[PDB]
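Presented as structure tokens, the chain that follows is alone, the form deposited in one PDB entry.
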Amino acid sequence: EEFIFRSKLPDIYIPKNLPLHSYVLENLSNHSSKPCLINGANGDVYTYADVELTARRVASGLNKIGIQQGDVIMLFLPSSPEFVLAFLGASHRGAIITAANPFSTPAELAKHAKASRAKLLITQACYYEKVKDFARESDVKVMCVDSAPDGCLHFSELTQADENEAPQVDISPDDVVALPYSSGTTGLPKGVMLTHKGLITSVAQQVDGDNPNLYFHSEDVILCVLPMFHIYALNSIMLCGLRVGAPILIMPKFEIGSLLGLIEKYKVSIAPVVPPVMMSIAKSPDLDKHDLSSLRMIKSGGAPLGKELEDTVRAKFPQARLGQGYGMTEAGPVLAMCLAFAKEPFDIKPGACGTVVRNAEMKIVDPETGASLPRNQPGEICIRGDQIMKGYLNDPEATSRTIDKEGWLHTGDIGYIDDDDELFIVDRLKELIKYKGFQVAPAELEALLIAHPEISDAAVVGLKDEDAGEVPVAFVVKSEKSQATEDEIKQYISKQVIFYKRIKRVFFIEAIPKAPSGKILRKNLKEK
């Protein structure tokens, strides 16, 4: 009956005519000599001035090697200063950045490059072997940041290019700048088109305003142990950090012992994490061997946070305020943010994932009738605002079933909003499986299984797991006289997919339960 929810914070001014790099580096002059990017693994450091200049050099270098405005560049790198420099340089060039986990298989990397139409791939030499075959076969340029195996280019060709040769580019706020992949509410992984305006809006919703929803001040140091090739770290850590002028302490590889030492050494104050990471930190027996007094904020997002883990963290890190952030790639990605993180904080309740961001609208709809619901009534969470995606790359039908005719993005998540405007996520409508914060699309694994000569049908479902949250398991229908075993099938999948998409168990059945239409009755399967 038309119930629209909004933030408890007032709307603020958000630019509608600026390129992403111009916006996040807008107040550069106020802290140009300050550390911007710090590699916690090797000590490398770039000041804000260094970053701004290098981004322009990268843009000049990209043009020099034939990369044009509108072209897609694919990063195959771990979180690092290099990733950020490449991203900002591409933005300055009017180019687009798509990225994949460097631990992806050769099959995944090629499929990603082909689907995104990447014209350049940037990675590390230790991962080059996985792109070699594809490289010298698709005419795509390959570049490495360390050594330059074969005839690949070197990243210095970009970082050390002449900034005076940076091409003059006219960038529209509606131009796409990032292309993260996501399976959305159903189906296979798709390219999510995020624009300059969309990302700017999402960043502003989090850190701008007299009373920012996510308050980061001058003395803060933000930890980046999450992957920049995914939206959480890209937006809430990288872009938000740059916008507020805070130094970003990057950890290319998560290691408890090292992290604790880095927190003391660099006085890390903000720790954006995911449940799996939080649990590892909590189980650490060395918390007393380091001074972690600088930590003042721990933000969990990307997956459900159980009460027990929430209680454990509050008990082990009493010097910090614990809270959640709720986001979805297609949403820009932040939908709601803990108001206890605001400059002038609001009270919050345990288990809540935050309050809908300002400069946006949220509604909860009955999954079957589409009707809007009032407070305390669970339904599908929908959001509308300039921060959402433009749409899915080359996939109009997927876009049409995700963003409705009135501009509302449908999340596939079930939740409700209480009397204090705090949002609670209680279930999931969509088939998405989440392993340690990573997306595991059942349809993707299903397609791979069915491609097997001895498999006629299959269905993949998520199995509850204390350590990863959910682990994928498969129900398989073998061909008539197949002698294939559980382990043989698992090995078949393990060789083609990234480590976290491996199927934990294979159950053989006679048929996959489907609706009269043909849709897989996943509810039935999960029910064993």
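Definition used throughout: the rigid core is the maximal C-alpha set that superposes within 1.5 Å between two forms. Residue numbers count along the first chain shown, from 1. What changes on going to the form deposited in another entry:
- Annotation: the position in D71, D175, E444, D208 displaced by at least 2 Å at CA between the two forms, with the core superposed, corresponds to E444.
- After superposing the rigid core, the C-alpha of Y46 moves by less than 2 Å between the two forms.
- For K283, a C-alpha deviation of 2 angstroms or more is recorded between the two forms after rigid-core alignment.
- Once both forms are fitted on their rigid core, the CA atom of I12 lies less than 2 Å apart between the two forms.
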Given for the second form:
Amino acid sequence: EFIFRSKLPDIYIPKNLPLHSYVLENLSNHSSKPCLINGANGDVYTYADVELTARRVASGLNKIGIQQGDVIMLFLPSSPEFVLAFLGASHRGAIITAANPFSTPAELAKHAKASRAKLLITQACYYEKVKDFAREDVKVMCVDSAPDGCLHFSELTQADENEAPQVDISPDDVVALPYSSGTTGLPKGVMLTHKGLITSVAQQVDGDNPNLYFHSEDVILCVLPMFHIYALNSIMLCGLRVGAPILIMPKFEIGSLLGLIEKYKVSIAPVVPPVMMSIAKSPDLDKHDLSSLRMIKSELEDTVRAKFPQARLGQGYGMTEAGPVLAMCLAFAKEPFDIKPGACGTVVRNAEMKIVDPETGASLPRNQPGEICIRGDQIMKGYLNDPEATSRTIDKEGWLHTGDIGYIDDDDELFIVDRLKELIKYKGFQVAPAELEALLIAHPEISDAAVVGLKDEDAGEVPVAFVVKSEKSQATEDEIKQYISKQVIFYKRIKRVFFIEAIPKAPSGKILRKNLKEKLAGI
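Pass me the form deposited in another entry as well; I've looked at the form deposited in one PDB entry already.
A lone chain is what you will see next.
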């Protein structure tokens, strides 16, 4: 098959360490340097402070009953406490799952119930959102003031680290549980393991020629939310492995970021497009000392490079299930190289990428559009308590099917062409086939299924399903449709059932939905 890889060579990546141990491995090389900088109040935590507090938190976690394997839900804006709680849970062998502090009480409750969260760490003001959920065993802990009977974070930071539990962690054990997007249906718990995250971090900042050339002499900005796996990984974990201080902004005033950048000598600035466009069009650029700016992480490309000639612009491409970094450009490697516009980078090192033909499942060559598939130790172990969904996303040969269409040119550069292609366009609605296939196969007389979109005069496309019912089964199309009908909102409903002997599949196992879609083009 046509396998594509990083333009960089592979590197050594430990396979026998817990995430925290890998990330703080070179602690000694910058023990006393700044690690966490609270932009809100100026507080500074040294690396030694963070490593010690982490072990103490592991002890406190055990003191209040949280144990290995237990889930800890973080409900905090980006902040020092978030980082200390994370490292603490890792040291304890617990799992952390995070949610946006601004979520609604209902989603917060769903997130907490779905993840089996035993502890919830948040701020006082958010206690109001979570009191209805806790009332229905999970313990609530606040970082600032502890309203009513809530626990206080200091119970963890002030605990005696001598009694932190002796724990044996397996690299395959889960440490992070971020929830997937709802692109394939319902948000799902993505199990990122110790080994998985160590690999992702290594891929980014390790080697004598790291894809990302960070170091303790840099200052990394953290204005993106830490609850999102991209920041938690690319900013927090990477910042730590490297020994770089992290400038944390719980909330930032857009428009005065240039001031922050100057005052703290930010060298790496990961920022969303809108904030980036703004500072780039600021008429006061030459009035600030931005001499420290080295990298800015994602038309506007041309102006950015024009307004910050001293800095370099880097590009990436990620997916939660992927760890989540899939690809990066080489613009900021110790040995830098340029990427052509439109490209999003090149597959991360220590991994393999493949482009597959949607209807045959065959490997495509360079310059040919297909679904992006990646394989390597950085991808998730799977979806929490959902092996069926897992085995239908990651084939038996280890390839993660991203669901995105793209191609790789002669320069080994990756170009994304279309996302969410699997979605069915029904009257302005987008229906995910995987969501319906799970309900479908759940039926006792159904062993396999595949849903696709059938063109309709009015609706554009209507969800249809190919079903392989068990031999002996006499279930009719109407019963199947009613069965699904009572389990989902009207627009997600199957309007046709087509029974067949078997669902078209590639040697891999990947069901070929595109193939079935083409089969019905006639109808």
